[PDB]
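Okay, so here's just one chain, in structure tokens, the form deposited without the named molecule.
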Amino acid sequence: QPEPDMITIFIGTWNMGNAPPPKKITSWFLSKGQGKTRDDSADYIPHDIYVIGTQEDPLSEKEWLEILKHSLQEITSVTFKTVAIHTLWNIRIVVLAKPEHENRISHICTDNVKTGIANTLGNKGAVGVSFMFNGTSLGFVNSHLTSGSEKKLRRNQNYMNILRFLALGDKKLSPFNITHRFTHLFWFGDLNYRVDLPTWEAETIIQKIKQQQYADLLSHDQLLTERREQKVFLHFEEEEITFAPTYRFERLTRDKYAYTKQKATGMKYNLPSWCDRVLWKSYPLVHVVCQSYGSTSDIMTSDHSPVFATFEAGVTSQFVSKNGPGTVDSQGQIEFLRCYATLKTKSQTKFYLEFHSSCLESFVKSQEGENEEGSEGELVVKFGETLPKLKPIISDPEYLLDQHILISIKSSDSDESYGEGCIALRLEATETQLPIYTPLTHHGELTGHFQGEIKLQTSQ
């Protein structure tokens, strides 16, 4: 039985509004309703992995697992295995996989982050799951961010706290937050960003929704605008939204948006909004294609509609050679030429690099670079031809061209990372000097750039 080079992943996010679900929720897992929907001809074809994020979930883990497993069994006639389940308050993530994947899945991690302080600590935050699928690392975050149209800045802060403090994936990757630890990272939830239009425009917005005219609403979506201004979710992608706002509905129908201020809302308006979202970030030049992104029309127990997204995702096999794992492959090497970091920092410490990759026996520390002043005020750290030659465990090009090198630039004085990024080895050529580039981030914000040339030697 051959190891896969692709899998499909289902992502669901649903704020259940503290109400039990209806008896049938299969439309969610089938990607049927509004938006980019899945073809009827695929209905019996299981996804490899289902990741379900709920918010305001009133069910026990046992109660929800029974509903999810029985749903998928009805759709596919497959009894899914539970990979992981983790709950923080009423925020939950479930990961289910086809039984044939049970011995492909390992290093399962779970964690949560509680956002806010005092007043604002006690119900918002995130849960997450990671694991290896053969040679590919996967991470999943379900976040319920701060509510309210006038709290977009708080949501951006919630985002930064979650990616700083959620402890998933390989702990040896100590300079790197979750936005660098995974081949594929999916981040979803009730992100709670709103359509920023005046309250007096509520009925005009409803009109637009009835006409399926979303353009003048999406141009005021806070998540799209904050992302465009690099305030949040830097280097994440989102599929185009072609479904109606998923919040705030009257329960038991989808015919009515309930937007007016009520004691129950703290006298806040809830203009129709795309609160419920799926974003992803994959390593450079790895196959990842969104094949659905939409909302259900027939699940009406909550004031939110469920959202689904599905993805094709490239995966690699657990490679063994005569040599690595457990030694190097003298036929393999990675060389860096003419490399320099450009940093936005005002500081004047020396810097060194760390190279981290599962193609190395352990991470590699460089010598300090040479600081120069850039023409427009910046710090340029030059490495020239000084960077160590990296010695991969396997030289086979079928393996090595699929790998990635994480780079951290660290202060000599403090050993703290000032920037993190990632370089693909999916090169146009081997034994050839080729340009490389990555942006550098720290706490998920842009801090600089790393660029230079690479020369990759494989056994071919």
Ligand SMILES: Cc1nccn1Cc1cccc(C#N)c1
Contents of the next structure:
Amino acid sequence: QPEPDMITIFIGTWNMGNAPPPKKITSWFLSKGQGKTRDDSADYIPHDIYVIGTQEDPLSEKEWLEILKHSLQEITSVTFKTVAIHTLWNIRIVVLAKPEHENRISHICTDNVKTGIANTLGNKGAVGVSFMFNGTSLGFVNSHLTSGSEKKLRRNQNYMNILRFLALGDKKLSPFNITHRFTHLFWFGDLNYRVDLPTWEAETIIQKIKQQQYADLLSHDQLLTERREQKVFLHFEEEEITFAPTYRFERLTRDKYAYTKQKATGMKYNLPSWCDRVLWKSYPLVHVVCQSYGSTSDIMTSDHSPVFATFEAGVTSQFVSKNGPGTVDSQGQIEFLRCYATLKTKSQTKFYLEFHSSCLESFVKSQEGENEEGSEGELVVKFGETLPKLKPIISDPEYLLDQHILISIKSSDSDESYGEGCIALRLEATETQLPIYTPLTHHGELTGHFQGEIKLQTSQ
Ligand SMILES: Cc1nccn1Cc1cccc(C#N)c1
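Starting from the form deposited without the named molecule, produce the coordinates for the form deposited with the named molecule bound.
So here's everything in the complex, that chain up top.
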């Protein structure tokens, strides 16, 4: 029975508004309603992995697991295995997989981050799950960020605290936060970004939604505008939104947006908004295609509609050769030529690199580079031809070209990372000097660049 080279992943996000669900929620798992929807001809075909994020979830873990498993069994006739379930307050993530994947899944990690301080600590934050699927790392984050049209800066701060402090994936990757630890990272939830238009435009906004004319609303979506200005979710993707705003509805219909200020809302307006979102970030040149992104029309127990997204995602097998794992394969090498880092830092310490990869027995520390002044005020750290030759565990090009090298640039004085990036080994050629590039980030913010050339030797 062959190992897959592709899987399909369902991502769901639903703020349940502290209400039990209705008896039927199958439309959610089938990607039916508004937006980019799944073809009817696929309805019996199970996804490989279902990841369900809920917010304001009033159910026990047991109660929700029963509803999810029975939902998927009715759809697919498959009894899904529970990979992980993790709850922080009323924020929950559930990972379910086809039984045929049970022995493909390992290294399951769960964590949560509570956001805010005092007043603002007690119900917002994130839960997450990570695991290996054969040779591929997968990470999943469900976050409920700060509410309120006038708190986009707080939401961006929540994002940075979640990606700094959520402890998922391989702890040996110590310089790297979750935005570098996974082949595929899915981040979803009630991100709570609003359509930033005047309160007096509420009925105009409703009109536009009834006409399915979303262009002038999306141009004011705080998540799209904040992402465009590189304030949040740097280097994440999102599919185009072609579904109505998922918030704020009157319960038990989808016919009415309830936007007016009420004591129940702290006298705040809730203009129609795309609160409920799915984004992702995959390593360079790994196959990831969004095949649905939409909202249900028939689940109305909450003031939010459920959102679905599905993805094709490239996966690799757990590779064994006569040599690695357990030794190097002398027929393989990774060389870096003419490499330099450009850092936004004002500091004057020496810097060294760390190369981390599951194609190495352990990470590799370089010698210090040579600092020069850049023409426009920057620090340029030159490595020239000084970088250590990396010794992969397996030389087979069917393995090695699918791998990635994570790069950290660290201060010699403090050993702290100033920047983290990732280089794909999916090169146009082997035994050939080829340009490489990655931006560098720290706490998910741009801190500089790493560029140079690579020369990859495989056994072919
Ligand atoms: C195969 C195995 N033995 C111990 C732990 N695992 C990984 C695991 C745990 C729970 C659910 C799944 C699935 N699906 C996989």
